[PDB]
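As structure tokens, one chain now follows by itself in the form solved without the named molecule.
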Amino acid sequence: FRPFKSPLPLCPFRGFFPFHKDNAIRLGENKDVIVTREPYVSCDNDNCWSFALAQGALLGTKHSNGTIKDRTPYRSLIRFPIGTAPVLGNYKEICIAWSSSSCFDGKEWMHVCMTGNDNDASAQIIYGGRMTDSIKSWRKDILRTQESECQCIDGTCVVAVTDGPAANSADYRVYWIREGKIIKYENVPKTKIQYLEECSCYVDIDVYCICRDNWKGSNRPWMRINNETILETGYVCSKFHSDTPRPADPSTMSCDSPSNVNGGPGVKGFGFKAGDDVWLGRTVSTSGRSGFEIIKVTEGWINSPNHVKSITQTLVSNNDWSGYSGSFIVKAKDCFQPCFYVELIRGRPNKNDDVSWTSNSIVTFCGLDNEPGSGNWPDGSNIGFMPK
């Protein structure tokens, strides 16, 4: 018997520390590793797990040629031990999916899995391994979800779902799901947020989601959500923006609207509110998906003339490829510890990755109330050693 996960505050932290790293591309040199992208991490009562969207092919085989393609019927959400490379001998297949989210409610896993035609997709809700509910595409344009962990409070899980065009109009919703049954949904208000995709969420009493505006905002949109409703929305105030591409630091402080510059295409990313301050992950490059750093911006959560980057940890050098990044939480004593993963994409379309496939490895970090050291934890593969 296990209770449902509760609404705990975020633990205090002052830096991020290297946790797990899978070295999946390096370890895939002899064709053992499953091709993936859009990885994330989520934990149950006992263990943290790696999740990713597999491509139904082994890295370096002929079927891996062309895996830059985002949506195929051969993509499945898979789970494998955290920090391990995904191989046929260690993975589990969760569901057929080209977009997904997963979260553990304290008793069972819930997953949200989208698959099917772009104009007629459906999301399958899996709870305790059983398919319990579904969502039908209502805008017939790539029904899609977080690509990282959802969050559950007192038995009700909250997940962000989008249907509609990129870089233009589109519907953005939150769904509330309890024991695998959809309870209700809300259309996200568009008073502030103009575009929202690929939300990265965590719990700090309430659920906070920091997402991707792929049209007009180089600043990230966000929502605060509880077990019943959407409480607040906005864009991250920080004049130091954290999407990619983005303007050079320092840029504009826009708490209530997109920056209206360098809006697309964006990249999935995350952040953590801490009092009036905010921590934001971002690529080191302002233009491309290279490097990864996390910054703390003093008073960055609020409207203030005092935004300053008080801390910058460079975790993946700008000479190394990155990709999506997302938040996850780990229960501590009476608080949730903030953690994140970084997707390290290798292959197409990265300049000079002369192989025909596209895949990734993973690195992860967790927050502690201690001072960090420094290092660099990139994918580490020599692309010239790899089967093409």
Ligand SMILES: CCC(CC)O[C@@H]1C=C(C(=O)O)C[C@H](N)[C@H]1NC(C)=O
Contents of the next structure:
Number of protein chains: 4
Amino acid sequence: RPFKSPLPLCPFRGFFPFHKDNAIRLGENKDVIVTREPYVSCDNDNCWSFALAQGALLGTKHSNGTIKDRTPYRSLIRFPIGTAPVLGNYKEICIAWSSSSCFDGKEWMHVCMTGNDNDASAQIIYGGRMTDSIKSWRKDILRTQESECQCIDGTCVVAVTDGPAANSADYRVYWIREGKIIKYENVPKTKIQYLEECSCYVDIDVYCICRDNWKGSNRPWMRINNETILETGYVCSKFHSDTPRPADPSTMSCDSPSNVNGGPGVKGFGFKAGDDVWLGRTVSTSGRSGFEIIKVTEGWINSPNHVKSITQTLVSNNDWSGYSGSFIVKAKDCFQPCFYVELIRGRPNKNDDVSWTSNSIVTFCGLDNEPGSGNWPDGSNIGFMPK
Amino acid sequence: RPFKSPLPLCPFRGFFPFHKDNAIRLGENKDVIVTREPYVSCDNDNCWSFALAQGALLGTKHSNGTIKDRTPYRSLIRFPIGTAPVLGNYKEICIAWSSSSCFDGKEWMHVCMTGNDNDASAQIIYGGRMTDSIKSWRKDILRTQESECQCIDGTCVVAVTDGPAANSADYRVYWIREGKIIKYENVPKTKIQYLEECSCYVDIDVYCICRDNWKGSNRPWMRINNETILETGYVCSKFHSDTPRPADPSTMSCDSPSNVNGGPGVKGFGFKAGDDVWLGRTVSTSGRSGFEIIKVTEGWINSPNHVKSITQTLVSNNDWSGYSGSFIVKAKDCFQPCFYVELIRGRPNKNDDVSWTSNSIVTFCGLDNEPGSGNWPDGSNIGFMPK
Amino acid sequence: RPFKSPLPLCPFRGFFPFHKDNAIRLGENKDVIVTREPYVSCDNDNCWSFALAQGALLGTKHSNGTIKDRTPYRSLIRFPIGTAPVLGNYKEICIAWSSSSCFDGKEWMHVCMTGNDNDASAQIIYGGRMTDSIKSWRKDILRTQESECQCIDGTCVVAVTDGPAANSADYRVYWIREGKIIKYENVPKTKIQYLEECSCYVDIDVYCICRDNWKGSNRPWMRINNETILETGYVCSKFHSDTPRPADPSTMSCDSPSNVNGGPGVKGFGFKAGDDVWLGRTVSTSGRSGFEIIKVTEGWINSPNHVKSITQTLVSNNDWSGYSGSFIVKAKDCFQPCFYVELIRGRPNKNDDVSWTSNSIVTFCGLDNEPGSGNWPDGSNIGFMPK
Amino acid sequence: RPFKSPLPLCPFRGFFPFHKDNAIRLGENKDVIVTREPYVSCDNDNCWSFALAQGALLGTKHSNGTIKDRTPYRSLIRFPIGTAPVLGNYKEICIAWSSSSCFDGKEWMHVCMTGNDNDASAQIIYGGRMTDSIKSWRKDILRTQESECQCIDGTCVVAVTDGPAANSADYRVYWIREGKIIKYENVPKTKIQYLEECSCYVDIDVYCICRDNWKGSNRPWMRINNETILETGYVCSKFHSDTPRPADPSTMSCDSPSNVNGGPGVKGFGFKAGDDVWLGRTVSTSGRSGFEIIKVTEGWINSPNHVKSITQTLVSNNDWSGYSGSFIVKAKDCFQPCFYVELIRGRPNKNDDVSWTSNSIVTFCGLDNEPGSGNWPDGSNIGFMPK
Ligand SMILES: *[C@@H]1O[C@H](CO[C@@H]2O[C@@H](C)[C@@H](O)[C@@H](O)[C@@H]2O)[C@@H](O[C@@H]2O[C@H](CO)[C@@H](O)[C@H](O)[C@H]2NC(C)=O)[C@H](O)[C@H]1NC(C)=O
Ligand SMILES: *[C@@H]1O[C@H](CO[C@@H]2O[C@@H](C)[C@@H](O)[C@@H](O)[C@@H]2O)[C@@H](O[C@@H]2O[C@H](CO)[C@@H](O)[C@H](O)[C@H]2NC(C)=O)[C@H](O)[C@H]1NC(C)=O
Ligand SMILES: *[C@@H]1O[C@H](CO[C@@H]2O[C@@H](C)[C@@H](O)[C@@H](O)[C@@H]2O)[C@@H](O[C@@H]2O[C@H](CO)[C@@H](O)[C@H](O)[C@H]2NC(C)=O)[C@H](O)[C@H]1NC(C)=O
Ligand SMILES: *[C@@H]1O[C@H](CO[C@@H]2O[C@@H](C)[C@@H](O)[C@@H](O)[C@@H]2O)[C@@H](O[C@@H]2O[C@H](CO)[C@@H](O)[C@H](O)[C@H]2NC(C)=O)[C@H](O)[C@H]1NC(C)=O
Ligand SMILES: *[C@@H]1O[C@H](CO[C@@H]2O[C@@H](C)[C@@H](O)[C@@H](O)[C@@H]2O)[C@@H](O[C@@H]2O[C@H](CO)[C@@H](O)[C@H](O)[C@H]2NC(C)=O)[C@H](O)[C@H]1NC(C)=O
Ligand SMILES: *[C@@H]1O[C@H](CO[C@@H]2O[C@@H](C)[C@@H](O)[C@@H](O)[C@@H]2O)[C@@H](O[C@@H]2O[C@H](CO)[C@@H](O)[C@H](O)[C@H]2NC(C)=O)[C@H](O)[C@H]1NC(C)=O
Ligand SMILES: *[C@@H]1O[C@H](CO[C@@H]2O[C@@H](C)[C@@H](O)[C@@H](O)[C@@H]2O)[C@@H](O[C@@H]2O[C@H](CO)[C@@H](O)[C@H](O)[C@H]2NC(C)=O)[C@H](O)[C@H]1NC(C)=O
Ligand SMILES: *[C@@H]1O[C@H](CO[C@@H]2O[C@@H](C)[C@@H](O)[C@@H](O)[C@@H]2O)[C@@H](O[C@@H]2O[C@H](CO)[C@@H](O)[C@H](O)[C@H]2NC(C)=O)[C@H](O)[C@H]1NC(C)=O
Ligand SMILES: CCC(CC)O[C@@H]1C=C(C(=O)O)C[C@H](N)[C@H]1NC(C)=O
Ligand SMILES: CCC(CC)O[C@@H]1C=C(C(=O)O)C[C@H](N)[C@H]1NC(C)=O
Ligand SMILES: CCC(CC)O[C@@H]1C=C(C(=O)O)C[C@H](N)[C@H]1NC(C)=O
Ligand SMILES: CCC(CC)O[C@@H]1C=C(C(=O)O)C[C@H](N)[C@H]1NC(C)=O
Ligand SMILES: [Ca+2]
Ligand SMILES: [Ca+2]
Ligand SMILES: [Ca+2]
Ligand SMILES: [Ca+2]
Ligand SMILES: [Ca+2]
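Follow the form solved without the named molecule with the form deposited with the named molecule bound, if you could.
Everything in the complex follows now, all chains and molecules, and the chain you saw is the first one.
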């Protein structure tokens, strides 16, 4: 098997429903593992669901309080795409309360952070063997993407951060080849001010669209190759895509955060398309409910012509959403753009009267065809669930 | 692996019991996924069960009301043939409330419809990647076979419908090659008036025997190759095979619906054999109970000589049945004809006093040997089941 | 892969504990499928457990009354050797209330009987496809070995019976090659009078040691090759091995049933070793409790020198046993002799106060080393079990 | 595939968290198999968890009393590394109440002891076939490592013991090639006095660090090749690593047990590194709580310079630990040193108010990087568990 190449994105004009796991509905009888921060990544044979498990089954007493982000009992797990994660189908990849995974064409790489907040380490797993590690250098929650990394010609690129969420953190990119760290770079801060939870894809180069958790309702981004960071900015679109954010239309800021509705943000994604941009976002401008994707004409560039040419509403605003991220699927000579949406149920969502916090997953892929319309929310009646 | 070829059907003179999943009996302790619209399809290594799941486990609170046909929580799932579908053995193929699948000799293709009734889309999956789609053009429940499609020399043929169930719908056939739509045809309406839920097999050409849900107690059919629709009609047999239908013997109508007991019909199948025809049917002429298969001498043609030369009663009329469909299994130089029967339990069946609707499966294959006799119903005591 | 050859048995002087599933103990929480008539058979990569499931989970309401031998809800299932059969690990091989399976070196063959007592049929499955069938010719419980068949140079040999248990049945051997029946023979009745449930192995030729269910406390046997039945008799050993049977020592009858304690018998096995014989048997001479294996000096022949040179007590007489059968495992240039013991719990066993009937499995293999001693019974406390 | 070679250990300076199964937390709803004596061993494709199951699910009535070491209902089972062992994911390797496993580069070998205390036998399994056996020669609990054996150039080396725990036992090493016993040696007793439960790894030669259960708070060790035992001793380190043991610093004894706090000991491990040594140990000097690993400068040799240069506290002393053992993972031209820690919950641990005894697993691997810090205990709230 050859290493994955720097292919362009395939043509696309809309997104179509792919896999949906209905994990919460299916967990009513306590079979399903509690998770959050799911994502999808594919190898030569299959696409897979990944998520950070909580070391408990949904609805059991050990699931109470799983809103807590970091415990020693969290592992990155893998399970068949669109299935609910159960003890009979999951694989445990590594101990982790923050993770990223990607397939380089030959083998899987994983980046797994765990340990004390002030002294975490990232374990690099390659072909199932622990091959390298990163030591916390700022001693404040060493952490990574919570979605797939990207590999070009054998070199994998992954965003890694350490330092105070809310006090000037060090955002880095690491380059890793066959499980061995080659180099890192500190992300330039000339434009980007805050850069959490990058969602990345390949379109010749690696593009990452991330979360400014402090000052920007518009999303920061970077373009990277197998050698270096090439470009940075914020998405120009006057239609912002973080949560919270101002109502449409807002300000155009290509080089700085909007400086309004800046935090806390939510992990999200987008796809540059020529001078245009596709952006996922919650339907709500204030909370993690609903999900839509918009295409903004000339939204990647400084332009008077920003318009939402397409709006697909995929999860209604009467339903909970959560994180979202990009993944790619190799076509023949291009990469198809896809994404997942985390559908968070439980704490702290209003009226989800249970003690646990978990999610289900829904996914969509891009085609060069016109889409229809529908609604694919979590679908659980929370009143039916063990608390 | 070569693409599957236009092989003839193998010789056969009776049908024999193959796999049975006993899924409802085995679901008494809430392990089994709620399904309906099952079917079977085989690749080079295995035959598989497929079905439209309901995103709930049988007997849980989320299973209440699963008589409802179309929700966002339905997915096409696959599980080992003759096993009950459980979280530990299933795979999720795609989001779908209507589906068809077929193996072309190299890879699996799936056709998956989901979304709003007035704007559904069909996703085409090939080798696990979403490769194409069909947009609803009549805006009224875009839908497909609920059994296996057929592929000849790399081109797969699948029946797709859009438009009012009960007001003149557009019935089409699509030709799809390596996941890419090549062309479609509108089914000629010179003979066929209504054409739902086609059950297809290969005997050199593709033959489909379908469901007229409005005017015909006799079944409509078409013959198709890798290029075009070759022939259409209704099954000539004066012994009708839809449900409801007149008592035997009825009218011979080769070119039009019987115009009696026309609706609602049920998905079913048959096999042309020379000038004869094998037809599956419920034992009841009014409801979905029992299952038998008959061979009608000269039943494919206009003839004074129609007689039921063979009647195999496979599920007694004291037991519930449901949909049935054909599948083929490659022999060496011919295809063996097989079929499945959906055994529906729960709503709306009289005295199935539970709130859910699901099914089990039983299957039979044709051999050129004389069969014995037996009875292979669902077998659940509904009074034992969680409601 | 070449077809399996007519290899001799490897040298052996004792039997050693191999795999044990503890299926009843592990089924206390209703996870385990109800079974009986288990056996073991191996391919090039793995040994497997097989059994006739009852289409219900142990301890559920549908498990009540599973003492009943023949229902439409029984299937031959396969699961990893030494594991308990659960919905998450089993495969359904075919619908069956009597079965045999064997691997020919290239593919698995199965023989599966099901249907009405007076019109059953045997389906022959080869490489997963139904390839042939046998129609009941005596119309009285067409039935087979309940343990592995044997294949030599591509031709598989399997014992098949039809006709009154207790009124002169037709015992046959069938020869089947790549799933196609080649020929059958009626077993000669010059010596053998009753021949049920043969346990067979290969030692150059096929040897089968069976159950006379009417007149013989000594076991009937036959020797078969890829062409014909070569020899028949009853095991000469004055130490009998069916259940019930006379206390040791009893009569030597090489050519006829003992004519004492003849019925009902139990499926069992043995291994000829030169002029000696190894025989498995219950410890009790009256009921299905305990299990031991004995080696009888010159026990295969008419001789004044019969002595039990070895007695291994493997399941104590305070514990329930059941059926037992031989299987072989290819060494390099010989076959290793192994066997399984069915450990039946539930009805009708005295003080097993539950409504169901099921079993666990324990297995042993022969080595040319001296064995130790132990006890490997089912081990369930029946009072802990759901009834 | 070539046989595994005598590679050196890779460079390492700290240990990093790898896989963690959280098996007790995940067993709250009675899905998980009761185990103890877990270990890890890897083949060319995967690392695996192994353990001695108890033939019962955790929290069921059959789990009551599983503190008992030896029953016929114990089997060596295998399950994916870092997953909880459940009926849907486990494989049963052999009947065993003591075991060792190792992969030789081509196939798995297992050593499985079972049977009566006074007449046990060890079954040798190779490529899934039982190929040889060892008969108890001292008639007193024939037993083995409870962690992975080691194979060099096709010859596997395994420590096997028979005779009174507390009255002069025979400690042996066996050499086994493709499942056939080649030879054994009696371990020299010139230095070693007691040698139980060896934890072994490869660093050119095989090194084993074991448990003196009678006289030594320091650990006995041996160095072995494919032919013979090369060297024996006790670990020189004045910082002892068995449990119980004296507080640091204690005595330096390279050639004899410390003769203080000698019993009962606990299975543990270490890694020689030049003249230095890494030693795992409980945090407590009296009981099985906590886990740390220390590196002792010149700790392998007689030296005035013993100092703990590194102490990693991996499980706090407020949490239960248990057995620990080494395993290796092939890098390219060296073996990476790794280890597991058994986290025992239930009887007889103070305040674990349940009737059963089981464990979870956590694992760590060595890298030539500086580690961070954390805590990875079992994590179950025992008050939440079925008793
Ligand atoms: C990085 O990969 C390049 C090849 O990729 C091209 O250049 C990248 C920087 C990026 O722009 C991609 O989109 C381009 O496709 C490697 O360049 C090769 O280098 C080798 C060794 O010097 C040389 O023999 C080849 O000519 C180069 N190949 C091409 C097509 O230019 C480069 O080695 C990689 N760098 C690292 C640090 O891994
Ligand atoms: C979810 O858990 C809370 C907290 O549980 C308590 O603290 C935990 C860490 C653990 O120690 C538990 O055993 C404790 O009970 C539950 O709230 C508690 O409920 C109990 C019993 O009703 C009550 O006595 C305590 O005062 C409560 N503690 C607090 C701080 O509220 C809560 O009930 C659990 N939710 C569900 C649905 O079970
Ligand atoms: C459709 O397949 C044919 C081959 O199948 C034959 O013709 C079909 C229409 C149908 O009648 C089958 O049962 C027949 O077996 C393809 O015909 C080939 O075309 C290529 C390219 O022109 C030519 O080189 C070969 O001679 C043809 N092969 C044969 C045996 O005639 C045809 O290309 C297919 N059409 C499409 C649109 O895919
Ligand atoms: C199956 O469900 C019905 C309907 O449940 C109600 O509506 C659902 C959409 C959901 O909102 C439920 O929580 C509602 O209860 C059940 O019928 C209801 O039963 C409840 C309690 O007995 C009663 O208060 C309501 O009036 C009933 N509603 C109607 C319209 O009949 C029914 O009991 C369920 N069946 C089973 C076996 O549980
Ligand atoms: C049955 O197999 C034989 C080969 O097996 C040998 O003969 C058997 C009857 C039995 O005694 C075995 O243990 C022996 O090992 C086949 O004999 C071959 O026949 C072919 C074709 O005629 C011939 O070319 C070979 O010489 C034969 N091989 C040998 C070694 O004799 C025979 O064909 C098989 N019969 C059937 C009906 O399948
Ligand atoms: C095992 O089942 C028997 C029989 O159950 C009855 O007949 C079955 C075919 C089915 O129709 C059941 O629903 C019937 O109840 C049970 O014995 C019956 O128990 C019920 C309730 O106590 C009693 O009313 C009947 O008279 C009994 N029938 C007979 C013939 O004895 C038995 O209790 C079941 N065992 C267990 C452990 O549940
Ligand atoms: C044991 O293996 C040796 C090869 O391993 C080397 O010697 C060992 C004793 C040990 O020191 C290892 O670390 C060394 O790497 C085998 O030696 C071979 O023997 C064959 C046959 O005599 C001979 O042709 C080769 O020259 C030897 N190879 C080398 C490199 O010396 C030896 O056969 C093994 N012994 C047994 C009993 O299996
Ligand atoms: C764990 O089991 C003990 C012992 O159970 C008894 O002995 C077993 C071998 C088996 O025969 C059981 O059926 C017996 O009950 C339990 O202690 C017993 O509890 C019962 C009921 O409360 C009491 O009548 C006995 O006197 C107790 N026996 C002893 C020796 O203490 C214990 O309760 C079980 N623990 C749990 C959590 O269920
Ligand atoms: C610690 C910073 C980080 C990004 C802002 O916080 C996160 C936000 C979360 C959220 O906004 O939902 C949940 C995450 N599990 C989390 N990451 C970790 C490692 O705890
Ligand atoms: C919508 C038309 C169609 C065929 C007549 O109706 C069906 C009949 C059904 C039935 O007669 O049982 C159940 C089906 N799930 C259904 N199809 C969909 C897509 O809802
Ligand atoms: C029908 C004759 C046959 C052999 C004597 O009876 C059997 C004896 C049985 C027994 O003695 O336990 C159980 C079997 N399941 C059975 N076989 C069938 C097909 O019902
Ligand atoms: C019998 C001697 C042996 C080593 C000291 O005892 C063990 C100690 C144990 C322990 O100290 O936890 C548990 C073990 N399961 C055991 N081994 C067997 C075979 O019973
Ligand atoms: Ca923000
Ligand atoms: Ca009709
Ligand atoms: Ca008898
Ligand atoms: Ca359960
Ligand atoms: Ca000690």
